[PDB]
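Trainee: In case you want the letters, here they are:
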Amino acid sequence: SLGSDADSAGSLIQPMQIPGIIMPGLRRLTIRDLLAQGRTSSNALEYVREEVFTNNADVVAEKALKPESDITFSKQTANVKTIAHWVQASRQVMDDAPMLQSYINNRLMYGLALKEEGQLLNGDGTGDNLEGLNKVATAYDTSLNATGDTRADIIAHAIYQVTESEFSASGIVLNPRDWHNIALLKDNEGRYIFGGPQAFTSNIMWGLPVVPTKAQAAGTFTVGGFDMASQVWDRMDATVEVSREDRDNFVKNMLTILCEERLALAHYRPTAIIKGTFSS
Amino acid sequence: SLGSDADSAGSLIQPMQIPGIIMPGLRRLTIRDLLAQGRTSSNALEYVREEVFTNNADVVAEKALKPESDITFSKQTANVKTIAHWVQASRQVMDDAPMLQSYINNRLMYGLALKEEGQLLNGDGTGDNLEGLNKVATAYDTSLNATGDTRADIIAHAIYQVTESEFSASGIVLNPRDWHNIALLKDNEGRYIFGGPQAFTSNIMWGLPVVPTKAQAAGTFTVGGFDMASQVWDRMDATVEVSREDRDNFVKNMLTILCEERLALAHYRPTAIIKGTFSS
Amino acid sequence: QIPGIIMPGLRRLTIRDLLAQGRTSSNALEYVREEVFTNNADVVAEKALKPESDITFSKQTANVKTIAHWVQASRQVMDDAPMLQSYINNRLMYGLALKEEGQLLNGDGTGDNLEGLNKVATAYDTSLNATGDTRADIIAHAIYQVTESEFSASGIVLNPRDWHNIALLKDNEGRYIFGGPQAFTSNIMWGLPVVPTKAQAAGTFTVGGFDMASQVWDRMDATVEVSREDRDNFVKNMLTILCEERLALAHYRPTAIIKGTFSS
Amino acid sequence: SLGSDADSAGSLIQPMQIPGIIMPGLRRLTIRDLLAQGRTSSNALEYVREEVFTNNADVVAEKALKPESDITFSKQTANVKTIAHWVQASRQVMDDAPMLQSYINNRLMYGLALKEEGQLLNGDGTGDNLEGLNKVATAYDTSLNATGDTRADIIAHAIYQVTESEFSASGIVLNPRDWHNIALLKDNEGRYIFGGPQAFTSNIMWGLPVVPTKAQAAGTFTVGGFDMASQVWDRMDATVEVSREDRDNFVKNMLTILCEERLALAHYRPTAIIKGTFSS
Amino acid sequence: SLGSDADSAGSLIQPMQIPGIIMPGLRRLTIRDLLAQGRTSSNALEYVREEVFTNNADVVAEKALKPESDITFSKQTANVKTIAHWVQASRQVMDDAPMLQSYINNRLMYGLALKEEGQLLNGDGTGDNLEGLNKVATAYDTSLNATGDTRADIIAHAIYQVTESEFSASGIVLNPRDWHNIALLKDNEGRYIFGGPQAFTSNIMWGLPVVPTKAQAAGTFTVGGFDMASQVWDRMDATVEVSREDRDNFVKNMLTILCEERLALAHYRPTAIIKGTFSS
Amino acid sequence: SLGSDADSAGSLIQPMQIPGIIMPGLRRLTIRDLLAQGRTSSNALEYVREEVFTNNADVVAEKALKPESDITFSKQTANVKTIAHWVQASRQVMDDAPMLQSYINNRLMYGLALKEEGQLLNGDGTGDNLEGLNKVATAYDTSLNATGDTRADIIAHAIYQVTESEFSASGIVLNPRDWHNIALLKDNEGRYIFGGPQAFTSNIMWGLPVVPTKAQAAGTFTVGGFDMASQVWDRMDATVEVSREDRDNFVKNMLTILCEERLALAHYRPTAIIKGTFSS
Amino acid sequence: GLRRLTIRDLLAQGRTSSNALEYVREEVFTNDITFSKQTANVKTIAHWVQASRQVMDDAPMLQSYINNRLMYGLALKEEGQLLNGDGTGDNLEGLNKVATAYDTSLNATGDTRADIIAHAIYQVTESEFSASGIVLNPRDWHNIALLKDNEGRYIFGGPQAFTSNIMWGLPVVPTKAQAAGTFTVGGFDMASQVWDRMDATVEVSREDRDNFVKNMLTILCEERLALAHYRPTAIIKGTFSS
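Protein chains in written order, with UniProt numbering: chain A, 104 to 383; chain B, 104 to 383; chain C, 120 to 383; chain D, 104 to 383; chain E, 104 to 383; chain F, 104 to 383; chain G, 128 to 158, 173 to 383.
These are calculated hints, taken from the structure and not from any lab test.
All C-beta atoms in this analysis are idealised placements derived from N, C-alpha and C, irrespective of residue type, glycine included.
Incorrect hints may have been included.
Unchecked claim - These stretches of chain B come out as covered by chain A in the derived footprint (C-beta under 8 angstroms, 3 or more residues): (1) 115–124; (2) 188–194; (3) 207–220; (4) 262–274; (5) 301–315; (6) 336–342.
To be verified - Take a look, some chain G residues computed to stay more than 12 angstroms from chain C by CB distance: (7) 182; (8) 189; (9) 216; (10) 230; (11) 303; (12) 320; (13) 346; (14) 348.
Said to hold, decoys possible - In the DSS-like style, the derived pairs of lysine-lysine whose C-alpha atoms are separated by at most 25 angstroms in a straight line are: (15) 289(D) / 289(C); (16) 289(D) / 289(F); (17) 289(G) / 178(B); (18) 218(E) / 317(E); (19) 218(G) / 238(G); (20) 289(F) / 289(E); (21) 317(B) / 218(B); (22) 317(E) / 238(E); (23) 218(D) / 169(D); (24) 169(C) / 184(D); (25) 169(F) / 218(A); (26) 317(C) / 378(B); (27) 355(E) / 169(D); (28) 218(E) / 238(E); (29) 218(A) / 238(A).
Using the sequences provided together with the hints, build the complete structure.
Mentor: Structure follows, in structure tokens:
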């Protein structure tokens, strides 16, 4: 018997190579698009806002001393932080596999821009980390919660809390799973609130566009008027340059690929942003 | 070692200035826009309003004596009150910051019109205060309430009470939060009474425009024929004047900015204005 | 003073509009109506005597009554305050026209009072009321009783208070019957116009074929006149305002009108 | 005192005369138009219809005797009856009131046609009365009544019973009283199946036009293909003749007015007509 | 008195003759038109269908025994039957009434077509009776019945069972009464399933045309792809012959009329036809 | 009696032959068409996917050493399997029935392609059986099931679990039996979710096309982005060959018919497919 | 043409064309000084007189005669609205109502009735204004002109060198409108003035309350004006104590 088994004549048939590398899931990047985009050539930014307006205007009696009003200001600052990462690779692998070069590039760029979004949303603000939308955002007012509200009502409430500062909301950001359970709400009869089984509902509720992103922690939601509340400032766009003289590199026949970027997130009106937690 | 911190050469980098200033929530002005506007030039305005119409009109026999019916109106007097406030600023600041004054002006005019709207609505009527719509307003008829009424039913009821004087209601005044908890009403089966999760409903109720102003207290509501029943009289339009010779300003390099305005509120048909409290 | 008067676009659906409007120029009016038609038309046996039918008539009359009222104010206030001059005038018109309906709908018929609708109107059928009916459900019943005269109903008269709570009826589900809060309900019921009048007592309702069952005859339109020299007036330097009007309500078909009580 | 009553100058003013007369509620004639209007010139009519069709068609075994079928017929008869009435009035009245002549005519016609319709529907059949639809019609099948049926359901059932004769229905006949209580039907929620206090529903039910007439008894109802199940034969149209020489009318200065008519109702297919009672 | 009674001058007026004979209800034939109309010339027919397809195709290991699959067939038969009936009439009557001849013919055809349709649907399939649709039809699946199913749900289920043969359904056969009680179905709320009382619903259900025939027994329903699941073969078209010399007809002065037909019903796919009982 | 009986002269009549063999229900192939198609000419296949991407891109402090990220890769293989079956027929039947082979050919292909589809779905993976979608597919998340969910909700949940791979779904595989009970769902009122009895709902759910196939086990469902999750590689198309000398076929006077095919199923993204079970 | 000074002449006379007015008041001053602002309605005054057309048509000379007899009859009533004007309904803002009371602390034990008047003239200066005239009751003014001492000599002065109506060099208006035992003094010339909206005109009407049927004719002298008070301090009213 002459089979294709390993311990036989199966050594003459070479498996067909399928051209192309299989990348994982590429998350549809958002947030950075929700915010305004500007450019700078400095290392930091300074803007001014009205801090405290002491309005004492009132009715005045004839021949009497009038009320003295006062106004306070502040110098708000936004430092430029640097985000990046490098990869050390063997010169062999890079030469034996040509396509690899341009592959790593298109990967680090994504990997970078991913943490970029990850910062803008949940920035620790701890020294180097950017002050993300959530660390800034004004907490949701629990007092708005009425008896017997659905998770949908809560968002509706949040949207209003933005108006409580005379500002129109831009969009709604929630974890994909939450948005799911929400779109699948039913009434005391059984009908679907957003859309019968016929077709899935559009990513829109209460007149505002919904943005489901895995970048948003589960059970957490952020509503606000991003289009006119915060702005991203680019000092240096995401660039990728390679060098094989970096330290040991030349003597070890190595190759170092770098992918850096410089940002700065500014939060003009923090009152126009709201963060909260759903009730489990 | 050559960083950007204080210790090192960070002094060379000057943060980028953000052209412009950040004004807080600019509330949308209303109320006075609902009322009739007129110009005057007197210290006050003696007027009269129909108090009691004793209608005795009836079928008269031939060669008989006709019925005598009289109209008894009280002589009320709308005094011209003055609203204003001033700001004592440093002259150094005013010269160093060019467009600063231009800002303060458009800022005081706002603070003025804001406390103005606050009067026209909740005018105490005592002393220097005006006789606000809610003071003049005829109390709500509690007997109109029936078993199992919604907050929406109540407003509908009020609209009718406005007809008791025979005058089409101009609009509905409510606290933004109350209006909210109303738009989000559901039927005993679940379905949304106004717009459903698909889209937010417009600010209209029972064909009448709804006015949600933070000026209106929580739990309080007002319905009536504003565009007909009451009129505002502008003695002196809102204006701003500056003087550095005021008091000891010239001697201290100070600048006194004054923002004043003279008003006068009249109430021709008080029977056409309803006020009430949401029992919860 | 602002030129011209502020004409309201608030047609409260004048109760008069619901009726035929004709003009006269005499003391009163005389129409003829068929009283009793003794219909004996039946099947006839051959070579036998036939049924004798008979018809009865009547000369029904409708007198012209006068309605008015007057006021007396100081002239130093009238000729001195022109825009107020026309104000009192326009108010007396409203005051008069308001009592006008008061008669047309609830006329005593005795003495000088006109023979109002409710007086003539055929009583409502207490039997039409079924177990568990809404208030608007009853009005529907009335519309039918009007058909007992072979006449299409024309309008519905109700007290604003009652009518109000009518438009706010709800089903066991929760939704409104006449219109979702999004827009105000127009004064219509079962295709018939509705007239909210304070003149109509609460708990009372009137339905019928007004379009052609009763007619209003105007002898004299509502006019306003003044007298500089009436009795005292000249001395007291005053003025007497007068708002008069001459009407006449005729009732052609009494069976075409219904009056009832909202037993609830 | 110069009044306007009897004891004064009231005889001078003549009341205004209203043109013509006020005819009572002219009922709308319908039944006559629901049937086939044929013309005759005889004393009676003879039509032949198949009675019993003993159909014994079956499957026959080979070389076996076949089934014998039989047919039966009958000669049905429709007599011509006469309807009329007269009214003798004073010669004076006629000459003094010209408008009267033409009036009396129009009244005697409506009066006759009224009793005409009253025959076609509920014709006794005995004596000289016609055999009205109701006395001919096949009784409603009580078996068709299911637990929890509305009056509207029953009518729907009747419409089917007509089909049990292989004939399509034409219309529905009901007493306005009963028809009324039908249009006002509500579901378990409270909504009107026809109206919904916005507009009165049209006279159409189950695709078939509804005919409400006082001619129909209270509680009684008729359904069928009238325009094909029966036919009206006119020997003499409704004519009005006047005689001044009738008996002693010449000597009493009188004048007699006659209004006669000759009819004949034929019932071709009685199976295509149904009558019943609303037990409740 | 010269009246028109029998015992008087009434013997002079001849009743008007109504041209034509009144035929009873004419049932609309359907069953026959639902199938394929092919014609033969023999006393029987033979079609072949795949009986059991034992498909054992599976995944086979390298250098291993592959699976064996077997197929089975069968010869299905279809005998032709004869339907007919005769009428023995008087030779005299036939001459005195000419139109009778043509009438009897048209009445014998219908009389035959009835028991024809009656066979095609409920053919006993015994000795001489054809193998009717209901005898062949695969019994309904009693498992498809779920908790709280309307009578309408059942037919919906039946339609699916037809698909279990990978064949589309053609129509639905129901007894007029059952179809009736179905169109009048209501929901737990009280509303009408098919159509509001404003208009009678069309004869369609689940997209498939409905066929109400009195031939279909009460409480019995049939669904399938009749358009190509079975077909009728005409050996001899229905014809009418007459004999004067038949038996003692020449002596008794009679006339015998015959109306016969030769049909053959074939059932190709029984899996595409379903019969069931409305349990209630 | 000279009839058509068997024992009589009924031997001269030959039953009419109906051409064409009656094939059973042809199951519409689907699973095959869902997956992307391509072909090879090798014994096996090899694709590479990104295994573990260690993303450490964090905020870096000034003058401090940055983070090190790593990327791991893996070589995934896909073996080629063979599917076939043979039929041992008789030479007698073959020569006496010409169109038989032509039939068996167009019959074994379907029989084989039936198992092909049966493999692609429920591929065991063990031994020579292919690693079908159901085996590879990431198990359904029991956690997503909430209290008060219908079978329709579960599928909706699954569609989301697919999104956890950043890939959108493209189809829903269900057993026709189950898909039926789903389309016939009702609410508390009683109304149908997908469509009133007036018409049958199209094969769509939540905007995604539904694929009902008997190849899918009862109570099992599969959802994912098949058009970009897996690919079918054909080594050899379905071919049919016959042998007269196979084994003792020459002596036994037999004929063997073979039908084979070579497949290869690759599963690039297993996370984009889901298998579940209904607990009820 | 009655040769007598009128209260109307005492005040400044101007014209106007409005419903009412806006004027500024000069406030107090008592043991510094101040200012304010007030209003002035234009009210009408007149008195009807009806006779007969049989007399009026038979005498053209009598026509103009009555016109003059009423012009005078009006002034006497006009004088009442100016002086004791109630200032309520259709009455003008009167002087006696707005006038500052007399200072009793200015009376010396042993003086005359006229001395009191002189004291009042002084209070006029205590408002930074010059006096204008005196308004008295005819009967009162009469007793004043006829005064003598304990011996017999004339207090005021003999008829010898007598003239018209003056006192301390000021115009005197003896009006019946002034109460019996009351007086008024002020700087009318520059203090409070009257604005004439419509002069005294006369019209007639045959058709009236009755007239047309009684053949009577009604005559009327209508005149509407406005009275403003700039300095209420410049005027003093006092009770003649006796």
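Trainee: If a hint holds in the structure, say so; if it does not, say that too.
Mentor: Results of checking the hints against the structure:
Evaluation of the coverage hint for the region 115–124 of chain B: fulfilled, as 8 residues show C-beta separations to chain A shorter than 8 angstroms, against a requirement of three. Beta-carbon proximity to chain A at under 8 angstroms applies to 4 residues in the region 188–194 of chain B; the threshold of 3 is reached and the given coverage holds. With 7 residues having a beta carbon nearer than 8 angstroms to a beta carbon of chain A, the region 207–220 of chain B meets the requirement of three or more and the stated coverage holds. Given as covered by chain A, the region 262–274 of chain B fails the check, having 0 residues with a CB less than 8 angstroms from a CB of that chain where 3 are the minimum.
With 3 residues bearing a CB less than 8 angstroms from a CB of chain A, the region 301–315 of chain B meets the requirement of three and the coverage assertion stands. Counting residues of the region 336–342 of chain B whose beta carbon lies closer than 8 angstroms to any beta carbon of chain A gives 0, which falls below the threshold of three, so the coverage claim is violated. The Cβ of residue 182(G) does not lie farther than 12 angstroms from every Cβ of chain C; its closest approach is about 8 angstroms, which violates its non-interface assignment. Not every C-beta of chain C lies more than 12 angstroms from that of residue 189(G), the closest at about 6 angstroms, which undercuts listing it as non-interface.
The claim that residue 216(G) lies off the interface holds: its Cβ sits roughly 18 angstroms from the closest Cβ of chain C, which is beyond the 12 angstroms cut-off. Residue 230(G), annotated as away from the interface, has a beta carbon of chain C within 12 angstroms; the closest lies near 7 angstroms. Separation of residue 303(G) from chain C is adequate, the least Cβ-Cβ distance of about 43 angstroms exceeding the 12 angstroms criterion. Consistency note on residue 320(G): stated as away from chain C, and its beta-carbon is indeed over 12 angstroms from all of that chain's, at 24 angstroms minimum.
At roughly 7 angstroms, the least C-beta separation between residue 346(G) and chain C is not larger than 12 angstroms, which violates its mark as non-interface. The non-interface label for residue 348(G) is inconsistent with chain C: the shortest C-beta to C-beta separation is roughly 8 angstroms, within 12 angstroms. Our distance criterion of 25 angstroms between C-alpha atoms is met by residue 289(D) and residue 289(C), whose separation comes to about 13 angstroms. Simply put, residue 289(D) and residue 289(F) have alpha-carbon atoms about 23 angstroms apart, close enough for the 25 angstroms limit, and the pair holds.
With a C-alpha separation of about 56 angstroms, the suggested pair residue 289(G) and residue 178(B) falls outside the 25 angstroms cut-off, and the hint is violated. At most 25 angstroms may separate the alpha-carbon atoms for a hinted pair to count; residue 218(E) and residue 317(E) meet this at roughly 12 angstroms. A distance of roughly 17 angstroms separates the Cα atoms of residue 218(G) and residue 238(G); the hinted pair therefore holds under the 25 angstroms criterion. A C-alpha spacing of about 14 angstroms is found between residue 289(F) and residue 289(E), which places the hinted pair at or below 25 angstroms, so the restraint holds.
Distance restraint check for residue 317(B) and residue 218(B): the Cα-Cα separation of roughly 12 angstroms lies within the 25 angstroms cut-off, and the hinted pair is therefore satisfied. About 18 angstroms separates the Cα atoms of residue 317(E) and residue 238(E), which keeps this hinted pair within 25 angstroms; it holds. A distance of roughly 56 angstroms separates the Cα atoms of residue 218(D) and residue 169(D); the hinted pair therefore is violated under the 25 angstroms criterion. Pair hint residue 169(C) plus residue 184(D) holds up; C-alpha atoms about 14 angstroms apart against a cutoff of 25 angstroms.
In summary, the hint linking residue 169(F) to residue 218(A) is supported, as the alpha carbons are separated by about 15 angstroms, within the 25 angstroms threshold. For the suggested pair residue 317(C) and residue 378(B), the alpha carbons sit about 22 angstroms apart, so the restraint of at most 25 angstroms is met. Distance check on the hinted pair: residue 355(E) and residue 169(D) sit about 20 angstroms apart at the alpha-carbon level, within 25 angstroms; holds. Simply put, residue 218(E) and residue 238(E) have alpha-carbon atoms about 16 angstroms apart, close enough for the 25 angstroms limit, and the pair holds.
Restraint check for residue 218(A) and residue 238(A): satisfied, since their Cα atoms lie roughly 16 angstroms apart, inside the 25 angstroms limit.
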